[PDB]
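For chain E, the structure is supplied; the task is to place chains D, A and C on it using the hints.
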Amino acid sequence: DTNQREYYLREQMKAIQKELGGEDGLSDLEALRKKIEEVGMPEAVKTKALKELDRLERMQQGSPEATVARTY
Amino acid sequence: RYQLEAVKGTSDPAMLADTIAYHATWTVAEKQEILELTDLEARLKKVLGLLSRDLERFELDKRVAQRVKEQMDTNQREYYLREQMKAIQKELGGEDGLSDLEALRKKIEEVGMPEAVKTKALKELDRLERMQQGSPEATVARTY
Amino acid sequence: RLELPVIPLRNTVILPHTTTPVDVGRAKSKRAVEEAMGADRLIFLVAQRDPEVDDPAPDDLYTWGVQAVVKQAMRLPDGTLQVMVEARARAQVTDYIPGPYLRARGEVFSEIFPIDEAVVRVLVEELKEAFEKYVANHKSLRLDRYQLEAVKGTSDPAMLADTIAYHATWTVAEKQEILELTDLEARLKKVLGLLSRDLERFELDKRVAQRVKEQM
Amino acid sequence: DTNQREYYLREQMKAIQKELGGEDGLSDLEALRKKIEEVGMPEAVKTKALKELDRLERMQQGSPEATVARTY
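Chains as they are written, first to last, in the authors' numbering: chain E, 218 to 289; chain D, 146 to 289; chain A, 2 to 217; chain C, 218 to 289.
Hints were generated in silico from the structure; no laboratory data involved.
For each residue, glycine too, the CB sits at the ideal point set by N, CA and C.
Treat each hint with caution, since some may be false.
[What the hints assert, rightly or not] Not close to chain D: a few residues of chain C, all C-beta gaps over 10 Å, as computed: (1) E223; (2) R250; (3) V256; (4) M258; (5) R275; (6) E282; (7) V285; (8) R287.
[As the list claims (entries may be wrong)] Pairs of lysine to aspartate or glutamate residues, derived as EDC-like cross-links and limited to a Cα-Cα distance of at most 20 Å, are as follows: (9) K231(C) - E215(D); (10) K251(C) - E274(C); (11) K263(D) - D245(C); (12) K231(C) - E204(A); (13) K252(C) - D241(C).
This is chain E alone, in the form it adopts within the complex:
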């Protein structure tokens, strides 16, 4: 019971990250994709940001590789 309660606690903590989820829904993969053209950035940095966008298309609270890629 204690183990299941702690598991539900951590999962509910993951759920209640609504503010992070809202950024992922609209700003992430959409506004950031256009942000490359809106601001001045080096060509190689822009293209690596394009791969970082390609590292997206999955939930940021799932595989931590995607989470840290979105942090990058």
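Same frame as chain E, but now just chains D, A and C:
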């Protein structure tokens, strides 16, 4: 399959044997050695041995092909094994978690290491493909 | 021949003397069925790779196409025309005509084949054995037993070989390489090898099923 | 739902790993097994070697408790 019953026109042994030996295609030297013979029994034995060896080679090639089919079945077994493992690696992250394994294996090849050192490199590289995220099971070996 | 219409296939494989459905998923390929209707339903279908350019491109065609006479002609002018074709024989793709929609030229029916047809019929019997072993084990493919009821009354080894080659589901590349080879006898060996490959795949699927259950 | 899905997927990975050609087995471990079985050795030494060989089968690759066994 029409010359099989066309041997009706050949009744004496010489013409039938010559037609059978000629209409079956093989190397130039073997065919020319027959013409250099004037004794019937010796060349008949030679042609009989040629036919027996060709039949044996046909049977051996058929058996070899049948065993090669099982071998390639096992090869495609290992291939779909890799397919499932790579799909699972891909499901967590596209082209692996950080897309590193291909580059690491390319650097192993392109950096000239000793052959035994190469063996340890491939072993510690195959030690990957079963973890990519957590406590030291990939990160320790990736760093190594 | 004279630019017989080529329909861009939708993950479909056409083999000689075998019924195959062909559909469309674009407005560009909608005219191909009607041009076939005008051409008395005698067409030269050249296969294309898994889903191609969004527009019909005559660059995904392969070396060999196949002649086909339409058996079933459904009129569905709603974005999907279902034409069922029974192919006659393969042919060599001469060139390509840019579209949309695309055309391709072909030669006469491939009427030349190897002989020793008696051993080919023996291998057809063994192929029926192998396909019975296949479909009976492969009930997870959702392939009906009716496909095992059509290999009876076979008057020609090639039609049975092609029917078994298409009725077993695997990668489209292997199914297409089955068509591209003009050797009658090597096609049966390819079919047997791929059937055994799918058999061992099913075997290890079961194996890893109990293995993962044991892991749980 | 996602956690149970990924748990079953990880279990699939583990189950297929033991069947993935047994790459870790024999090549990186049983080589030492043969060398024990091919040296003219006292009986008690072989008994101790087998005792310390059965102590393995736990991953020293993440555990320092059996690197000492491998070096032994």
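Tested hints:
Distance check for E223(C) against chain D: the nearest CB is about 8 Å away, which does not clear 10 Å, and the non-interface claim fails. For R250(C), the shortest C-beta to C-beta distance to chain D comes to about 16 Å, beyond the 10 Å cut-off, and the non-interface label holds. Listed as outside the interface, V256(C) is consistent with that label: its C-beta sits roughly 22 Å from the nearest C-beta of chain D, beyond the 10 Å cut-off. The claim that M258(C) is not at the interface with chain D holds, since no C-beta of that chain comes within 10 Å of its own (minimum 26 Å).
Once the 10 Å rule is applied to beta carbons, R275(C) is consistent with being away from chain D; the minimum gap is 13 Å. Even its closest Cβ contact with chain D, about 14 Å, leaves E282(C) beyond 10 Å, as expected for a residue assigned away from the interface. At roughly 17 Å from the closest C-beta of chain D, the C-beta of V285(C) stays outside 10 Å, upholding its exclusion from the interface. Interface exclusion of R287(C) from chain D stands, the closest Cβ pair being 14 Å apart, more than 10 Å.
A hinted pair counts as satisfied when its Cα atoms are at most 20 Å apart, and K231(C) with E215(D) does not qualify at roughly 27 Å. Of the supplied pair hints, the one linking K251(C) and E274(C) holds, its CA atoms being roughly 16 Å apart against a limit of 20 Å. Only pairs whose Cα atoms come within 20 Å are accepted, and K263(D) paired with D245(C) is accepted, the gap being roughly 14 Å. Under the criterion of a C-alpha separation no larger than 20 Å, the hint pairing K231(C) with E204(A) is consistent with the structure, at around 19 Å.
Between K252(C) and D241(C) the CA atoms are separated by roughly 18 Å; this keeps the pair inside 20 Å, and the hint holds.
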